[PDB]
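Asks: Assemble chains D, B and Z onto chain G, guided by the hints.
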Amino acid sequence: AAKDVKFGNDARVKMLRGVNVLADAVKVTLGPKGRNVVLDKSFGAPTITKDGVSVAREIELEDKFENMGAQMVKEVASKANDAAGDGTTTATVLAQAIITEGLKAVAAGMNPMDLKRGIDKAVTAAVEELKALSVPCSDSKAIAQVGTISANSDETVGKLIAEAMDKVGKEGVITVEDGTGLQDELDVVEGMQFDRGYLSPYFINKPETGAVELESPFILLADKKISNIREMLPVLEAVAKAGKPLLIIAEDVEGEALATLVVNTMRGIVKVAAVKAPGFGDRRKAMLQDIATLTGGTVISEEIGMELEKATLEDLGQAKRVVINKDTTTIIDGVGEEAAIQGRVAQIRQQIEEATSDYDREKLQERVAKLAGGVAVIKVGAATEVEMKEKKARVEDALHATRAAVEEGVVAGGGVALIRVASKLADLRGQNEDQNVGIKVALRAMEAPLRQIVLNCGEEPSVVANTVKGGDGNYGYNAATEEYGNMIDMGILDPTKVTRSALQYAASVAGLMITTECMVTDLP
Amino acid sequence: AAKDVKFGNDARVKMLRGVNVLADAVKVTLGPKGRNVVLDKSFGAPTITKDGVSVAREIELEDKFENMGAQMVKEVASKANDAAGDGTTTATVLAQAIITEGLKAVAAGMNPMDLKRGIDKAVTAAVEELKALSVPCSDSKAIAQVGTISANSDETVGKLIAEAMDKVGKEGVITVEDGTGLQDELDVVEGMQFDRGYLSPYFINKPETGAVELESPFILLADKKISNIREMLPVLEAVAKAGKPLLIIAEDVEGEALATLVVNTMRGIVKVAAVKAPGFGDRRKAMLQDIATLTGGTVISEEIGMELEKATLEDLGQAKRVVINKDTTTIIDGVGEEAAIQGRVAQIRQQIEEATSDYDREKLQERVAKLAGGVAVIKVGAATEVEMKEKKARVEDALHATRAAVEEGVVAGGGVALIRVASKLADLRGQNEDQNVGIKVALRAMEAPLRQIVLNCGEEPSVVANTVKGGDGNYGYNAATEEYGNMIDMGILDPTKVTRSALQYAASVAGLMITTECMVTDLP
Amino acid sequence: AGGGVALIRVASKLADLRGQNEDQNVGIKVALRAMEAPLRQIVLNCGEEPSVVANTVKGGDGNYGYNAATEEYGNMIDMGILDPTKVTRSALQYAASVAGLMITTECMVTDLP
Amino acid sequence: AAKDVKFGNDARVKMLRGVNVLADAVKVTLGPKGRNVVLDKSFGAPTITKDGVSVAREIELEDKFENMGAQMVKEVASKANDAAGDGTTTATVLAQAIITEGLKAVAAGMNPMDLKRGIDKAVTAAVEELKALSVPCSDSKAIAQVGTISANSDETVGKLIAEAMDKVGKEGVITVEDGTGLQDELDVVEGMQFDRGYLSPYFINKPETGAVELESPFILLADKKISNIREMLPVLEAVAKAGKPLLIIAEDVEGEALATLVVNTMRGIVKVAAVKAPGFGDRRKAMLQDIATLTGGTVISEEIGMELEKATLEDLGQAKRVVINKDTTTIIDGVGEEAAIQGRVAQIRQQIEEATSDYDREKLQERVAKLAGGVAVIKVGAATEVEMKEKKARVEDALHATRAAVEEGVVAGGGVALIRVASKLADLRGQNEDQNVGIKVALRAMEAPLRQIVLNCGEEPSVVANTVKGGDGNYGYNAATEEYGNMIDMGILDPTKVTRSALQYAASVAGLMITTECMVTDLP
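Residue numbers (the working numbering), protein chains in the order written: chain G, 1 to 524; chain D, 1 to 524; chain B, 1 to 113; chain Z, 1 to 524.
The following block holds chain G by itself, in its conformation from the complex:
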């Protein structure tokens, strides 16, 4: 169709307006004293939330260019959230600060490419300094303590997370499930997780969680790409008459098969989720065989000559529960007898010692580790439905935060890690004066989030920023208690991964938008 094209200053002004709207919408929900945003719903009861993720998801502007700016900032912020589990609001406010200052500099006649170079240099230095400033969270005590912080200062969640990581390992798989009794239950089941996600968002059983969840589903193990529904239609009918959901994993699902499966998911006659097989090639085939061994099913391979049409219910894999997210798929408690898994891991180990290349050996190490480690299941127990659901949500959030912490440690939260990093990097310089301007822009932008937090608190932003800059280490201004001190001791912690990802994604999107010259959108 006919397109509308904006060039140079006008395009950047429109992006600035859109980003300003989105960032003003999401920034008020930042900090312990964060305000709340009223979101309309078609049902009639407005939703009052302090969560910046929902506010960002709701935002969409009428103007097409402003919509572009808001949508791209939203996309990078959501990428930050997916990578880290938090920091969407921080990423968005950082992006707004960088974009505002960089576009002001560009309108001043600076060179946009040199500004982007300076921004990237400052952000790389900031990431290195944050890695320096992070304190490790490897011990069980620190794991439990950060878990307690993440779950709104609840020690039970922290001790559960610490026990789970002690049982399975900090690299192990931990999943939260509903617990029948009042007491919490932790156990190790046979399962595995891989990085493949659902093929279509319409498979999502729980939109609030944003992930596909199935109870006692059937596993389909195919070595060929699925394109025609007729190939597996008898298997689909057998699953439907069985009454249990079906999970299909293969090389790929495309075309009319995917379309009809998605249509069935809207219809609800048969609940089937489509996930690609992990990896590619011989490694993909090997991992499919491992999944078949785990679930007790059999893989459908073309080279064997056996086909999908003759496949029946008994040939399918079965598991107690599976969780599929857009970034990963988790298989929990597949029905596979222990001796089969023991023989599988034993032959994997013998393949390990007979192998020579380091890359293959490492890949087979991680394969056997994810096969034999299993999945630790945390059964959240409570007395009431609402309190049980709230506790489960808190446990999930704390699990994400603690995973980030054990990955990369924890820095001083509350937006003071960035202010400390900017204070220590204030001496950085670039090749060109424009690069120096970009570096200064990045430093001021990293200043911004703490200023926003203390503005939400109602206190003076500049005074608090100066006071925190004067200090050193983890010294900072606790927003909740309105008093300065050591952030680590006061319990205001942010995982290093969260802050690092927020800063990096905000910098990337801000550089992309600063170096933007033209737009192409549909006409109004």
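Distance windows between CB atoms, simulated: (1) Z/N9 with G/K206: 49 to 59 Å; (2) D/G343 with G/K206: 37 to 47 Å; (3) G/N432 with B/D23: 56 to 66 Å; (4) D/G470 with G/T180: 55 to 65 Å; (5) B/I77 with G/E128: 43 to 53 Å; (6) B/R33 with Z/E460: 52 to 62 Å.
No more than 30 Å apart at the CA atoms, straight line, and that leaves these computed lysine-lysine pairs for DSSO-like: (7) G/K33 with B/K58; (8) B/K13 with G/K469; (9) D/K167 with D/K379; (10) G/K41 with D/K326; (11) Z/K320 with Z/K170.
Please keep in mind that the hints were generated in silico from the structure rather than gathered at the bench. Ideal placement from N, C-alpha and C gives every residue a C-beta, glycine not left out.
Replies: Chains D, B and Z only, in chain G's frame:
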């Protein structure tokens, strides 16, 4: 879809306008001298009502932001009504007062978070003082007296309520049914009540009552989640052939099963209501088995192997009458042989003495109490059918008021409890000047409802408010008789729970709205 | 101590004043913030952060203040920044008088456009 | 009356628009290949001119704020022209460049005060560099060469200027008059020049030169400030009866006397020019006594006793010709016995002998030098009257240029002195980054005039600017011949005073606009 976003002062002004419209619509219907509001209907006959609940339910504005403000106040007022059975008008007028004064202070530059702290601190102090000021309502004479007041000064209704409470207990289940003869009849039948509600509002048989009511319905008892209708086409068709209503309770009903049941209800071919099972896990299964013992049916348990496909009409439980409300579900006179009930309660009792933990013993004691107490059915009768229906409605509302009274006592009605509480709390202070201003806002807000009542009476509001403030205890102003006195003796009562819930919900919504900075809604 | 620091010092030492009515207390707070204002305006003209400089001058004592020309603190008397006490007193008193007259103003009468 | 007030960015934008209009109007007439601008006249015949002075004098915009910007740039450019005799266009284009870049930087958020400081620092360093790069114009050969260059490469004018300067001295007074014969005549007459000028432009006899010229006028000498017309009314009547012009010099002329004299000049009945007395205090009285000795008149001193009523035509001083300009007043060939002049100069020499302080000695030395030096009169002759007038104008222009040259030497003209100086100063730095930005702004603005000249020539500005920057000394680009070389050798000479004054005045006005924040103008 494109969204319209307001920030700061504009958003709060729009919310203030919407709340002002809703509160002006519902406030004139407050007090004995309350005016009436004409609500249009599509049929052609306008409805003249003095009930604030209907006026609130009918209010919906064209401006999206004003609509969201009005809808938030409506939702919290409805929550107050559900919790207490009255006070929707009081909750709405209190919310309007707090919101107006708090937004004026915010526009003055006051800190919104500190204002909210002052508001909810003053409200907590007010709740404590109200608990101090309440008089007990445990004795049968006081129960009858408050019931008489509730039913427009009718001693027969109070006598019936007092007799029912004596027969079953203040914690027992009491239900009102139409009486065949003129004389009112009370009897105790085997039944039990749980807090689960209907899954969809489309199940409501009587919209005026707002609850699902069935006559001699069939009870379905499943330990599995209900998603597929194909599991229970046979029993549904058998019930349809029998022609009796069907009530289904299981872990959950959703998806195509829920859709087709709602379709059947809207078509009217089969009357089926869907209600979840109480509790979760082992206690949920035990309560489902208790309901099976009560109704004489059998629980479709997956671990047993029994399936809904092979379920027969004799397997379904049967009850004389069931009432389903969004807050709770009541089973009345379930047809099941008594010796099963005594055996089940003896089994629960022996479980009690073999039980050890306090939590399990308390849960088992509650279960056995609700199983053995039964349901006391009040068969209200009259000479004429129309006056019999009117008397049934009066008995229902008096029963709700008396349940609230026996829950938390009663205070002086007519809006003088709040003015007395404000008079005694006038010396409260907060940490900051902003908290003090919030406390003053809350106190003036608690003053407001009596002013509105005496304004509807046409008398001067300030003079009456000052005169009531000068007094003490339950001394107040009677709106009907236009002369002061002891409101407890003069028959102007309000249950303590009603006033407490109204104040708390108004405070919560006003705090949410005062600290609101951003509003997101669809474009016009 | 000229340069607008006499008023901020006076406000710092008067921060504990109280009145009979709460509105009187609010009016006193208004007067104190207004007394803070001129130094903030000067340091805004200088391009420096107003709140930080105002806080730093408040934390000091005596004639210690901030010099606009040299952009650094110190004793304002010895740094050559002098304002006669009559000038500051008259400015404050006349500003207070006009602000009181306008705050308590309810009606204005003017010719038509 | 009512005023329109603009604050901050919009006011500066209005300045930028007005300055852009004026600078684009005058900047096309820059360089040998300069275009011409058509100026409307009420008479009907438009004026086509390549002179930036007239174009600037004609510019006046309709928007009041843009009018302010244009008018103040015009005023500073006129001051530069008055001080140096040339450089209005260069000053205006430099001011436009500085203002544009400075306003862009201010919009970038740089501190305007720091930008002004950096601009002033760069301009001071540039004045030092210009002094370093200037070559002296002391020798008579260089004086003749500069005079020849100024008068469109005419050897005769340069020779006349050089020989007149050798005859009377570089500090001496040289005046150009119409020549009776074909040959050019130079003679030295007794006269002096002081820096006082006419009170109001309404005294201007010839608007083309902007100066008052009188043929054989009468001189009035009063030691009192003239305020009442009736005091000198008999003198005015006697002058009008005589029919010759009158020149009045006293402490000041104000009030009704000034009004009547202006009215008489406008009507033309009496042609009298009013000039203030030179100096102040006893110095003023001594200078009036010197004037009386020179012109043979008598000083009307109140303390001595004579009154302006008693003054007669014989007491009035008489001169052959006088020229009055707003910068200075010249008395040429005042009639008076040489014996009186010799006695007066001997008196001044004996005050030299008796004087002690260096200041008084220097002042008396200046007085005796300017009294005994006389006035050199250049009588320009030609074949016809019109070319005689053209030659007289060229001679006057060359005289001004040569006076500037002997004052401060000459530099490489054609706008390459500024680019050379900027190349030298490219390593300058300031205390703050904003000062560095101001310095860079000044340097690029210094580049600007050469770019404008070579753009008028049709060549690429950037390539020529880079080529000139690559060279050194007086190496540059000749605009007329479109080929590089040495400005001094090719005769493209600009007096150092002209470039210095243009640069300084442009810097001053640009700083004034950069530090401008508010405006007050009458409403449209």
